[PDB]
Amino acid sequence: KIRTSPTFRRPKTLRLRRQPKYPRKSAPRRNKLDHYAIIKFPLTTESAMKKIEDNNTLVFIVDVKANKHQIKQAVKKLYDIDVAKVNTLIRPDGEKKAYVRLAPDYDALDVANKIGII
Amino acid sequence: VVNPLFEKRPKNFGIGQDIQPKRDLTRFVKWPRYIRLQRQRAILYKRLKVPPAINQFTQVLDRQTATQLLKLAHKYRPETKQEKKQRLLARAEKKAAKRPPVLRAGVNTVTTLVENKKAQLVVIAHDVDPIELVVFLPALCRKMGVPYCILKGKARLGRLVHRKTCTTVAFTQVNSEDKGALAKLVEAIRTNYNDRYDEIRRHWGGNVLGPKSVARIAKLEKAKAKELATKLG
Amino acid sequence: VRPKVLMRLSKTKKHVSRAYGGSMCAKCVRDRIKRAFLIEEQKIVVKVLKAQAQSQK
Amino acid sequence: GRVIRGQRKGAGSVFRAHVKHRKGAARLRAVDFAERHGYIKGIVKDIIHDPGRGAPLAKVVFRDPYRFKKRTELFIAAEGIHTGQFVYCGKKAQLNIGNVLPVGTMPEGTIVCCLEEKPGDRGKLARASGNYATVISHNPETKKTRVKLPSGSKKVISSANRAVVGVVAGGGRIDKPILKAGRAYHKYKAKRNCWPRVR
Amino acid sequence: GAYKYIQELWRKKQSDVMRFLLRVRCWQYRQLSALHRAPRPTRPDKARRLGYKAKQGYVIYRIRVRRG
RNA sequence: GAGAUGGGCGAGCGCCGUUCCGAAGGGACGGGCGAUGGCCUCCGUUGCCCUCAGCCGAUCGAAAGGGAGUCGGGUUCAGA
RNA sequence: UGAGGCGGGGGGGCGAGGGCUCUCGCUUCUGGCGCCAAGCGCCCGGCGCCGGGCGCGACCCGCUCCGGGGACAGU
Numbered sequence: 190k191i192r193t194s195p196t197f198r199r200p201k202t203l204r205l206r207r208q209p210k211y212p213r214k215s216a217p218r219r220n221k222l223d224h225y226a227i228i229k230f231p232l233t234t235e236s237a238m239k240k241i242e243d244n245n246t247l248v249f250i251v252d253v254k255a256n257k258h259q260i261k262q263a264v265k266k267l268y269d270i271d272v273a274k275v276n277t278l279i280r281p282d283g284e285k286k287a288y289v290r291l292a293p294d295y296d297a298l299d300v301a302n303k304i305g306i307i
Numbered sequence: 026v027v028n029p030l031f032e033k034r035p036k037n038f039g040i041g042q043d044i045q046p047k048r049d050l051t052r053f054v055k056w057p058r059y060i061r062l063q064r065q066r067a068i069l070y071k072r073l074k075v076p077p078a079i080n081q082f083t084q085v086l087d088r089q090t091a092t093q094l095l096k097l098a099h100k101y102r103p104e105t106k107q108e109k110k111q112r113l114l115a116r117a118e119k120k121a122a123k124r125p126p127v128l129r130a131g132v133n134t135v136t137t138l139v140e141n142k143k144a145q146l147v148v149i150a151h152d153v154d155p156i157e158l159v160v161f162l163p164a165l166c167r168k169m170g171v172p173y174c175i176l177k178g179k180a181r182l183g184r185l186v187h188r189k190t191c192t193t194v195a196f197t198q199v200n201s202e203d204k205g206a207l208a209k210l211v212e213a214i215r216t217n218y219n220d221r222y223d224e225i226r227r228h229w230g231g232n233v234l235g236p237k238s239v240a241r242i243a244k245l246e247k248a249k250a251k252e253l254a255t256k257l258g
Numbered sequence: 149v150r151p152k153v154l155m156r157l158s159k160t161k162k163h164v165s166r167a168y169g170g171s172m173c174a175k176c177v178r179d180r181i182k183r184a185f186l187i188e189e190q191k192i193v194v195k196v197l198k199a200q201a202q203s204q205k
Numbered sequence: 271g272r273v274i275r276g277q278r279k280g281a282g283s284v285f286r287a288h289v290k291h292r293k294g295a296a297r298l299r300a301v302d303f304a305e306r307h308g309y310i311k312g313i314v315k316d317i318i319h320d321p322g323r324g325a326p327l328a329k330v331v332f333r334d335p336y337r338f339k340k341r342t343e344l345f346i347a348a349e350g351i352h353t354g355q356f357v358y359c360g361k362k363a364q365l366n367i368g369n370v371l372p373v374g375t376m377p378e379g380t381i382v383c384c385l386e387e388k389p390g391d392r393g394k395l396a397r398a399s400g401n402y403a404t405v406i407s408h409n410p411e412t413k414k415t416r417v418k419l420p421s422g423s424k425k426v427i428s429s430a431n432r433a434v435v436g437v438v439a440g441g442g443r444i445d446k447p448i449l450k451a452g453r454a455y456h457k458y459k460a461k462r463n464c465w466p467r468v469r
Numbered sequence: 002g003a004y005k006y007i008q009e010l011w012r013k014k015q016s017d018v019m020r021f022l023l024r025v026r027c028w029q030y031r032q033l034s035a036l037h038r039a040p041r042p043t044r045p046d047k048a049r050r051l052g053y054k055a056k057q058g059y060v061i062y063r064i065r066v067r068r069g
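Chains as they are written, first to last, in the numbering used here: chain A, 190 to 307; chain B, 26 to 258; chain C, 149 to 205; chain D, 271 to 469; chain E, 2 to 69.
Take the hints with a grain of salt, since some may be wrong.
What follows is a list of derived Cβ distance ranges for each label pair [what the hints assert, rightly or not]:
| id | chain 1 | residue 1 | chain 2 | residue 2 | range |
| --- | --- | --- | --- | --- | --- |
| 1 | E | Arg63 | A | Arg198 | 26 to 34 Å |
| 2 | D | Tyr336 | E | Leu51 | 53 to 61 Å |
| 3 | D | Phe303 | C | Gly170 | 32 to 40 Å |
Restricting the straight-line Cα-Cα distance to at most 30 Å, the calculated cross-link-like pairs of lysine-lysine (DSS-like) are [said to hold, decoys possible]:
| id | chain 1 | residue 1 | chain 2 | residue 2 |
| --- | --- | --- | --- | --- |
| 4 | B | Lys36 | D | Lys361 |
| 5 | D | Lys413 | D | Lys425 |
| 6 | D | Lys361 | D | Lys413 |
| 7 | B | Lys168 | B | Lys142 |
| 8 | D | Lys311 | C | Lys198 |
| 9 | D | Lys414 | B | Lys247 |
| 10 | C | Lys182 | D | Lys339 |
| 11 | B | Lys55 | A | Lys201 |
| 12 | B | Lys47 | D | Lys413 |
| 13 | C | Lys152 | D | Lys293 |
| 14 | B | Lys33 | C | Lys152 |
| 15 | A | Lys285 | A | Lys239 |
| 16 | C | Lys195 | D | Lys361 |
| 17 | D | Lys388 | B | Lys55 |
| 18 | C | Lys195 | B | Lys47 |
| 19 | D | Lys425 | C | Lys195 |
| 20 | A | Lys190 | B | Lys33 |
| 21 | C | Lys152 | D | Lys315 |
Honestly, the hints are just simulated from the structure, not real lab data. Beta carbons are placed, not taken as given, at the ideal position from N, Cα and C, and that holds for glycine.
Could you put the whole structure together from the sequences, leaning on the hints where they help?
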């Protein structure tokens, strides 16, 4: 052994893995953002109906803290219809509005009657 | 026989000719702060005039006799933690159906049996950090006529008694077969530590200049001795 | 083109087939070749003049 | 009852130096093995103009003697330097304009610039436009050396510390009068907020 | 025991031994940080006289104060 | 320009300072060894020993600076 | 300063007259290239073949990293 570098760097020491003797939390907190706390209600707007007839998209009032990914799979689970693209915004009053464009092999009207809105 | 493509290509390590190889640099390393301090505090023990009470631990016991000292003491180790409970089950049957001499560790127990002059040989360790814990001792074993010596290493001293370290170890009593085995150690030690006292009280360690300076005085001490050596002839 | 565009282009759009191509102009390459040969031969000419130095001294 | 102007200049934050476009620290090349024993060859890559500094700077490129890497220093251009010209640095370096070498090797009456005033401090003395220093006397013993300075005072400096031969470029900068306050406004704008001086 | 000696030894802070040992520590302590933990106490005599006992949980911090 | 750590100061809340009194890298390559996964093939995972490393100052700082890549037509009472 | 060749001691090379004192440890004509060992020696591991290690190359010895101050600045 000799010194080649004229400097002294600290050697790498064996840093173990965290192995606690007891979990700090006894219970894993359940996800409060499940599928039903993520879609509050659809829209019954004279514009949203125009959005349903023409563009084949549904309009929901989703929670303020949902990704487009999460909204896509939520609808995909609650109404069994595949989603082509989601567009979201935040209304001035505060709640987040979502335009769920359905897949073209699906119909927005006959699924709007599946959930009552017309 | 040999492939004539094998050609020796030297690298001319001149000034600015080729790049220097990875030569050893263990002399110019910017050491950490704790190592840098760890050494230049040892230079201070070879620079400043060390007073005789602290210098007297640089002089130590020689090796070949120290192997006898520990081996003699290796039977006089006190009973371990494991032998202690085994020495309390023997008493546990003698009710249900003398202690030999041992070593003495710890300064606060050794001095209490040096003032009573019970020891035969008090061994110390040269490398105790707050040296104040010892420095009185060699001047006091000499006073009350107890043969002392200085062994290099409180660690190997703290190996007899199973601890991390120990400062002093005393021989209160011994067995009869090792009685004369001790006597040959006492005389060889007393003739170097106890009777050699007045020389030790006036031995100031240190006052040494560095090898980069004693070579600098000498280069002017040989040059000055070059002039007056051919002036008369 | 702008620097990040260079990911899009292929290799041959970004360099020219020559030693030091795409980095050095050809004129300062033949100059570099002419140099790096003449300096070495000047080393060999002096290496046999130094060989004819201590043959005497 | 008020803190005068010359008192406010030490606090800074308005009188601080404007160093946004300054190129760098115009220094020498640090002391090492080659500089002490031999000489080291360097190319003058190009010559540049440092804002605020009346002298021009020079980008000298050396080949590092320990790692496969080219090192670049910013020198203070001695007058007469041109790009591509080789600069040699060290004790064994030859004596010709634009070359650093310790003063103890240079002879008497040599005209040097970018002089060091402590061995291994990368030049501090006589580094303004057109200012040189003369090495008057030597002293082999004690390694000392008398050097007159651009103010006229002679300083006894060690002989190990080095300097680059020649006068600093940009000399004669002060002959041309400033004609208008605009020119003087533009000069001090590149250096620091000091210029319009109320009596 | 020995603690009485070290006690009476530390009262001789102008003797050659102590004036050596104090000028070394004062150099050694000065080359450190202003607050760092000493492993074992510099004065085991004064320590126990102030309530220190060698047992797990007793800690000692050596610190320097800019005098004046 | 702002601002932590180290350090320094400070009765103190805290301040100074920004590379300067610092063991300041948790990475890459190659090699060796045991181990798993899918046709444990071959690759990937993983440890340890060995190997090389300049990094240079945490971080913040622009809806006019730097910054890859969308345009054309149609549509609304109000958005493109 | 990326704390990179410090002080010694041995070594060869250039001289006046085989030791000692001395110079030297290899680079100046040019806007080129330069790293991650060549080579030699001593061992070992895999069916003549394929894969490894230590050392010389790159001298040895040391106590402040080299320099400049310094019991004075300074506090």
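Right, here's what the structure says about each hint:
no.	hint	in the structure
1	E/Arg63 <-> A/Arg198: 26 to 34 Å	holds (28 Å)
2	D/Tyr336 <-> E/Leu51: 53 to 61 Å	holds (56 Å)
3	D/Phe303 <-> C/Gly170: 32 to 40 Å	holds (38 Å)
4	B/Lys36 <-> D/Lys361	holds (24 Å)
5	D/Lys413 <-> D/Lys425	holds (13 Å)
6	D/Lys361 <-> D/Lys413	holds (14 Å)
7	B/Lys168 <-> B/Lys142	holds (11 Å)
8	D/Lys311 <-> C/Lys198	holds (22 Å)
9	D/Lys414 <-> B/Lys247	holds (24 Å)
10	C/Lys182 <-> D/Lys339	holds (24 Å)
11	B/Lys55 <-> A/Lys201	holds (19 Å)
12	B/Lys47 <-> D/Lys413	violated (34 Å)
13	C/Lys152 <-> D/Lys293	holds (28 Å)
14	B/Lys33 <-> C/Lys152	violated (47 Å)
15	A/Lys285 <-> A/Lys239	holds (20 Å)
16	C/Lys195 <-> D/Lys361	holds (26 Å)
17	D/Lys388 <-> B/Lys55	holds (23 Å)
18	C/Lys195 <-> B/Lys47	holds (29 Å)
19	D/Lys425 <-> C/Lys195	violated (47 Å)
20	A/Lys190 <-> B/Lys33	holds (28 Å)
21	C/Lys152 <-> D/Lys315	holds (29 Å)
The structure fails hints 12, 14, 19 (numbered hints given earlier, in ascending order).
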